[PDB]
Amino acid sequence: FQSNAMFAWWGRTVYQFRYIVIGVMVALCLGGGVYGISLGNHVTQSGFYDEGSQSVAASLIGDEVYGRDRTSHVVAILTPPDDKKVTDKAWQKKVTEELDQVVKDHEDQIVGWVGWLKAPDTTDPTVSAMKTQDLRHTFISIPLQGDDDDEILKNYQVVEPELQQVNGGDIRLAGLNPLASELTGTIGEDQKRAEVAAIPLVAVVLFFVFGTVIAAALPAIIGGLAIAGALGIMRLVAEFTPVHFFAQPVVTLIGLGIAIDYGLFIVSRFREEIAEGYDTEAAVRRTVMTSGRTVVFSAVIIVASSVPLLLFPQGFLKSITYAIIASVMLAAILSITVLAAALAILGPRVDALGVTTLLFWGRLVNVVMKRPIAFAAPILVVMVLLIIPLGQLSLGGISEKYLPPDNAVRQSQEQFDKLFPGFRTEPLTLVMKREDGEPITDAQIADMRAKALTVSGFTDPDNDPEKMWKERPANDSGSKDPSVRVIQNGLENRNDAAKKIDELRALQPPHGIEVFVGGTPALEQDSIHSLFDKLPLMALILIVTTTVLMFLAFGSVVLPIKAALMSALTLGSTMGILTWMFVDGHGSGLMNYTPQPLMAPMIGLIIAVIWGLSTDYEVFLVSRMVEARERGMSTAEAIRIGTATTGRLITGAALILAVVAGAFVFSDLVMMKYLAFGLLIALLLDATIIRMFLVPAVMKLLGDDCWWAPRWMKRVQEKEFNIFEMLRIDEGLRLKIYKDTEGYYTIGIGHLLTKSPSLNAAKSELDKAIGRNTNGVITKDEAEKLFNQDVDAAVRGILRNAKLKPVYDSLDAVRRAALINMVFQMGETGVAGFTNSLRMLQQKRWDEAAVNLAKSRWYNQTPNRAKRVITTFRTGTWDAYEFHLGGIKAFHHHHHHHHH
């Protein structure tokens, strides 16, 4: 619990079942990936509104009674080839027959085609308006089949290829479905751009991190298994709840980079351990206990940064939140299962194949350390003046402007609105529902119209307020229930939406009738309102949880307050820049996008994403500084320690992430660029300004005060392993007299009492040793003290031996215990026989000594104990004893049994 206890268990478990683990998980990830390629046909485009808003309710009631509008499904501009005019009866007949053929061949997809071209001899002003007055252009409407927008789009995409060939191909398709097909079509382009531009780029970066093919390929394989598995999970999620189109690229944009970053960290750690002298099995466990632990905790931070998005009612954000959680969790799991097992099978062979086969930063901190205010105050001000273009943001819905200005589908729509003005409308609606269920009378309608005319700001083309707020059209999909009537009118200024909606909702409905104010402006504004109405609580929950987790990771009261400061800074600065780029349009001409109002759900998402990004990177950096301090370093040093060995990893992690996000800034979908850029900025801001400058400078405000909590701080007693626990394993611990392998009476930790066959003689010796009537039984304490005096005796003899005193003096405390261990087992004169091996140890040639000692007869008679001691010589840690193989069936009394 709250301890490496379980990571230690899994670290050794994953090695032991390295074949089973690596087989099952790859099977599941590949199996899921195969199952996850059908996700593309089970995704939705809906989820940008508030399902519980009055505007959505108005739409449901409206569509129920009057029928959903299908006149906007497909709009098609027809233009006669040889500067001919639409009045040409011959041209009229060929095109008409072409249109009838498409409808005849696709009646499951198409309702029919409607337009002036169907009745050129009409007196209808609107129908006659479906042709330009130069008679060079005319448009038709092509209503499609389907009971929801996803089904309708699929029906469009079915008939689109043949529909595009009408009029010799000179037919321009616009409206909802051609635009929706183009907007959702951006997904595949971004995926393919990642698969071709981002993947080899990541491969190169990885190959410049490790000098080896295998070591560089492993993180890439993990990312690929993560994407496959995550998409399979999202496909499973689709069986229960709607999954948005935008969830698929998020898996690749965010999941892939994070997964590879995880793999990079763990493989890198595994190599450290190998180089430190630990064998494969131990290296695997130590990697999981440290890096695996860091990865899992990283996943928790990101999940905790994503969950608050579920407070938002937009299905768009919910799907994405599910996608992030599924990606990050799977990434963390894979890095400590498949990857660990792979390293457990490969071992040092992760560096077997190198480049041949397919072919004082450290004082810079000090500068700012000495000069904290020389760097902090300017940056602290600069990143605030970057927040000032965050006070100038606009919010809108989805339009053709989300596509680049040179996009053919966008331009077709823009030509339609140019050639045929007035046809495209976004009116506010007054949806009236009578509660009794009885018909709504003309008196009640005239009542509502009057109260609507009270509100100003609505269009009036016919210059007569009697012809304002006309009744919504009805089709054959409508129930025509008399208890529901809908009147509607458009705004003169669309930026008056939020205000005019309230005024309409301020009116008083007549005769007990529920009035629902709807329309696309209402849907957008209600969604905008819903998101900022809940943003504070989401922000509170976000900040609190991330701070609470940092209370646990740091053990400080100030540092989490400090990091919150930093994230809120790098957030507001980043979002201020994004607003400067996408709202004000700085960079628009260069990156070929249109300056426009943002989308409110993308703000909630980018807040969570930037926050979790800032928190995760600072936790890893700071947590280590903390470890150095506990290790005994100085405030200024602990910081130096921290920054320097997180350095190469953080930059290597930020870079790979930047590559992936960099592939997505080229997306034709403008909100995708907004997201990908938000990544790059906050990433760059943390990999440099925050980490290398602000943090250390804003860590010097004080020496020893940032580390402070009451006695509600980590105990970290550390059960500092000692020589007592060491030989307790090798020689046993018995509190009652027993016979060892030679049949001699022994007690405690291998302490010979006597060679007499008499038990009472041994009890005699024990009573004189402990200083009381023991009756053959001692306490653990008495055994420990007894053991100590034996250790002192062994040391005195070692220091008395001229063959052992030099090597003993040269050794660290841990390796000294290993030498004492040998003296206990075979005696000083025995240990002094290893003249060459002792010389190697004295020269700190750990590997050579370890190799040489294994060739001994001592290793032959007692391999398990010898390997334990030898490993201790190789690494200089207690690792060989803190985790050892069970058994130890034979106990034997040691040399240097001290007597009173």
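Positions refer to the first chain, counted from 1. If you superpose the two forms and keep the largest set of C-alpha atoms that fall within 1.5 Å, you have the rigid core. First, how it differs from the form deposited in another entry.
- Among the candidates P536, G632, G743, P421, displacement between the two forms reaches 2 angstroms at the C-alpha for one position only, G632 (superposition on the rigid core).
- The rigid-core alignment places the CA of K500 less than 2 Å apart between the two forms.
- Once the rigid core is used as the reference frame, the Cα position of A553 differs between the two forms by 2 Å or more.
- Once the rigid core is used as the reference frame, the Cα position of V698 differs between the two forms by 2 Å or more.
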Contents of the next structure:
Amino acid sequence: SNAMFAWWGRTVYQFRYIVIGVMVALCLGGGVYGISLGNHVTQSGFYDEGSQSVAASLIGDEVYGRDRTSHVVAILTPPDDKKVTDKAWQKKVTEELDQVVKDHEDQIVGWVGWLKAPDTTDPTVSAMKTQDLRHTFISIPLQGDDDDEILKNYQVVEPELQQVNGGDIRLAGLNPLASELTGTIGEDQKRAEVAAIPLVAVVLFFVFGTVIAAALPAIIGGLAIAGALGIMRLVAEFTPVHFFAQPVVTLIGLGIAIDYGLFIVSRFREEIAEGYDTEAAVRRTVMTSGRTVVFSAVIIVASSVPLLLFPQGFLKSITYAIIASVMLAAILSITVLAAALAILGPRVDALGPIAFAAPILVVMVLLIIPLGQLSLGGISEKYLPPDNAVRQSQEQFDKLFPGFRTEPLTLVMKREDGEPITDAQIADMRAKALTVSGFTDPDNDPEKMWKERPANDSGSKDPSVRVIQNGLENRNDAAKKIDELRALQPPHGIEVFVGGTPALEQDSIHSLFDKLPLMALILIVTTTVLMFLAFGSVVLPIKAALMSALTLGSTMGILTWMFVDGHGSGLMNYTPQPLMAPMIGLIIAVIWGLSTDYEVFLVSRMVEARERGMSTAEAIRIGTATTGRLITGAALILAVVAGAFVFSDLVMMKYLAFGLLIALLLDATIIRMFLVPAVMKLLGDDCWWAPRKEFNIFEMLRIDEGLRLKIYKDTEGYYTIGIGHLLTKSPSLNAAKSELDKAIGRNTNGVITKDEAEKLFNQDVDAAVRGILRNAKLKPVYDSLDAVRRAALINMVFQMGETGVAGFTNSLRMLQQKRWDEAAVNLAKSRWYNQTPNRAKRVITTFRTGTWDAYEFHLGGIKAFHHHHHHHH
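Could you give the coordinates for the form deposited in another entry, as opposed to the form deposited in one PDB entry above?
The next block holds one chain only.
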């Protein structure tokens, strides 16, 4: 979990050109493929595919024919205050309808209404005119055998349909609504493009203050959107992908991808500032923030995968879109972006107590409970704003022609014997149905209840299956009534499925509450276990768990307060109503994933700040201080993009956009600035509790002068051993062993162990220090600098002796005055740099940054061994 990133940090620099070359190609390549996604999405996926109501629907459609009476209904109004019985007006509007049908029989079944045969004596067909005879409504059924294909047929037809009767015609019903709701997806996209993008740019340019560093996270976000669209278009080949998946790509793209790059470009900028070369800088960015971004991605994946337990194809498409977008953004941010930073380098900056935890926990259990007012429902026309025209057409359809809009509950019966269902068997099942109270009798007659479902040409008309249906008299009674009709023991040899839109809707709701317990368990445990792996603590996952658990109930609290009870509904032009039931599942996961993502970008920095070597109090203030500006900048970029989506006409889109605004504002202030810094010193030293090598001068000179466990001849021809330790200049090898035996204290016959070399090396060091402390030109600088920077100066004394490095009077002076950059530049102009660059560049870098990094990740190995000065004996 800590060396692969060092592995990848090195190689993304070596092959930086092909890396930026291939994945930009594929993302753009995915972009051209993915643009077609909108023509391969579905509106279906809100019900439970394994439910008995879905079985009841499936069987009922197959046998009786899909119900198409609610597809399109159109209200007609004669102009100039003529009345619909005007035979001239009648003649002109029907021949217009007849012409629309003949032009579009591949999409229109036909049109039916009182306007056909206006001399009829039918009570219901005469109920298609109003009493003042100034409005009449026709029903216009259409071709197709899934929702999607039928909607694409309505949109071909309605331009030519809206113009009948000189435009004085209002279109309502299933397909007009579905068209308006699915049409909000496209409008919310263009509002993101227009408002969020420039706003995001401004926030970036304020966080970085320079064009190049600001433009990079924007280009990453663009590439992730292009790549994720290509992936989801590919997923479309194999399984239906809901409409709602496309806005999810845009969100994560403009939001998380851009925020991922903000964290990385910011970390590259700091490492440049601390004196690291750019290829050093790229490696340590990947090893820290790249690891943080990667583990952020897997956390979010760990939070969205649990939604795959729910059956709705709607939640599955969304889950796939989160997964694809999020890690494409992680992968993009440590490939395309890192390679870019490796190419440019510094030119990214080229252009222009209990006193606060208590009165806050009080107000967040304050908000958790407005829940319990939470109610759930299906799609109605109320998902649109009240001034929306087609919603108004529906609401006046149901005012002028009441009683045609129905949601009958269905008892689909089938006998797998295969032979017909006799009249006594349905009279049987009918009798069992009148058992249950709560159903409608416009006839005051039980004998006229539970009529057969109507049947049309699309139906197979198999005799071994019959459907009877009857509307409900109060739909809030539906869940229990449905359970009651299923409790009926069927006749002998028949299976009875309970159908109807209230059965589909209710069965969907029952599946969520049935799998919601386990979903909550998987989610919080895997996120918990994950954070234990990211830090090594066992309380910092548990501190994050109950904070996240609390910002969840509070945000759900406000949302119910706003969308069930309506506080803000008049302001923001939405109707208060029960929530789309699978929206609760989606909202829970994404908000949980957001709360725990905040607790990694802040705490993983102070986990880093403390493992370096510090106590608590400061580690948290370092962590909070260095991340303070970045997390707000990241917070505002999310808040900007989400703020565009709160103005969506579709009320489930507003619900979700608001959930994130309330959630990311609550954590970017109340939690991050106040509550957990409080609890982070409150329980202050066991933050890092869990039940389950430092570099040094030995290891650095081992790299620069080698480590040899048996006598060898150096470049000059002299017998050497260990770390550059000269034994003798005698040609006799026996004289070298005689001296090696003397130095170690035993018969070596030319070989020592590692610890023996270490004991020999230390003696050489001690002699080098004694010399340094006895030179007027080296001792003052030597005293000036720290343990690491002293090792670099001892290295020089080893390679060239005291007189040698004492000749660097300027650079030693600059080092004494802590002017590291000036000394690094001056020393690199020496002759010692050009003769032994790999070691001089390595040593100078240690003066610049004051750490071992040039030695912990070094190039190749050395091939020319040379005994150092200050060989002790």
